[PDB]
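In the form deposited in one PDB entry, a lone chain appears below as structure tokens.
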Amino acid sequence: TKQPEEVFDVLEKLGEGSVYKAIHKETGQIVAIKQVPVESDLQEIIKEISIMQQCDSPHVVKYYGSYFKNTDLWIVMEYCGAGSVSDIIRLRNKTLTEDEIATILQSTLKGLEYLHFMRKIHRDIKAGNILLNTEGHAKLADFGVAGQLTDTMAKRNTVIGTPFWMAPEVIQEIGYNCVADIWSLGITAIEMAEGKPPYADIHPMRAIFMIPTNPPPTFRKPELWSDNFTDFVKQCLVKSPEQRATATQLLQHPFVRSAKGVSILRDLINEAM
């Protein structure tokens, strides 16, 4: 009920909808505030907030609430100071090591296990939608295209996501379920190792045509990568969604199961900031 500027001291812009770092003045907690015009298209803003409000997981970006200020909507969220994994790759101009990827994807998979239990499908898993806080904890972000299964709707059939990362069953007319995110996770693993997903240099509308017919992608330089990492990607990129591994099962994959603690990401985060 209080004016947003009395609750929050807005600091630096982080992004440009438009995102600001801010201090919650009563607790000293740092938050991220997304500001959008109330007259803008709010379709995915409304979707993403509805999904985040239903989530309570250390592996999913928290939503704290919304204010009107003048003719803007302020969306208050958990602050992830290291930014996205794709930001960290770009800023350091370096791909991630196997150990760094195992640690990030362990936390990503715990977030997917939580969403999938709640019958949610992220549908836009990619390095750009995995954020790190300054302590190195990975959180799922951008729920703007997330789907919800129900008692009466056991499958979604909307062709939606970001083409290079989309599962074959999502692209094809057939309905699909939570394990579409596991395919996207496999593409994300390659993206973190190589800096870009398979087919990154071809037209996205051409790539979407080939993903359903092509064999599962593999590493560009297979000799660089352990048997465990190679097998982890192969298991994620099983074309049959019925056969594809779940988040729970991949948390036991040898690539993920022995991931190092978030300390392995300290150098990484320091360099990026």
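We call the rigid core whatever largest set of C-alpha positions still superposes within 1.5 Å between the two forms. Residue numbers count along the first chain shown, from 1. First, how it differs from the form deposited in another entry.
- Fitting the two forms on the rigid core leaves the C-alpha of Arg244 displaced by under 2 angstroms between these two forms.
- Taking the rigid core as fixed, one finds a CA shift for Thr158 smaller than 2 Å between these two forms.
- Here the chain moves as two rigid blocks between these two forms; the smaller block's rotation against the larger, from C-alpha superpositions, is 16°.
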The other form holds:
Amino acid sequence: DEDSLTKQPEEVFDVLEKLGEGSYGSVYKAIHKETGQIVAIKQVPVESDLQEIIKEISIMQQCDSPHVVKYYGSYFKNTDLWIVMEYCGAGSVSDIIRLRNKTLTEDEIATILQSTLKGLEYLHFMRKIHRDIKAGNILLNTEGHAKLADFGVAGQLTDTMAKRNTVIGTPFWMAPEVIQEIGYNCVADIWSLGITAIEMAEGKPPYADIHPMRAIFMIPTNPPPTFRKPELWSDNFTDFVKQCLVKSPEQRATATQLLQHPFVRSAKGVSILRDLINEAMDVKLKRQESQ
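Now show me the form deposited in another entry, since the one above was the form deposited in one PDB entry.
So it's only the chain below, everything else dropped.
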């Protein structure tokens, strides 16, 4: 009766393994004991910038897209904030490359970036900049559907604010105009997508072995990066990356425009991700049999 209303979070959820780091704390697999539903929970201590966390939650709540991780709700556990989210059972593309010790095929990249671009097209229409687009922040569910994750550093455009000027992101992936003092908008995410395309192909971004703070100073001045071995890759993939990595943000393609690029327009269904998913989660299950 009245004993069901004050059940504490560690009584509602069965908390399992750490999945990785998020914006302002760690993320864990969990089961809703009642419904059997599986979820991800980011645990955030009270000494975090709680303004920014409410922003993240807010941006997630406003978004309703099969290409963006859903928000389910929040719980307090002592002073700790539990943020409860959609669980994607294959993990990040970063994890899947690491687990298999293999980069992705042109075909796998094409399909994943098409879903990623549909996410970006939704966000950009809703005047949201992600600002942290990389393989780390693109998730696959067991069915092979990609979802944008980690709105920790995301930015909002409004009637009175057509541009942001906050220098933020992960250096290697950050657009020149983000790094320079001038204001920027949604197409910053397209530059980051370009770097991510290279990251999935080659296993790391350009300048990956250089110091991050030396890279940030070079990106604005340097010509647009390209593949480490251009002759390995199709003309369509090479051109896709070239269209993403245009230095002038005014000239740079939109998510909508890039969805029509031959490399992406021609993309196969999620069925070509079946092997990639199965191998990854197999290597995961084997490594978990060291308990």
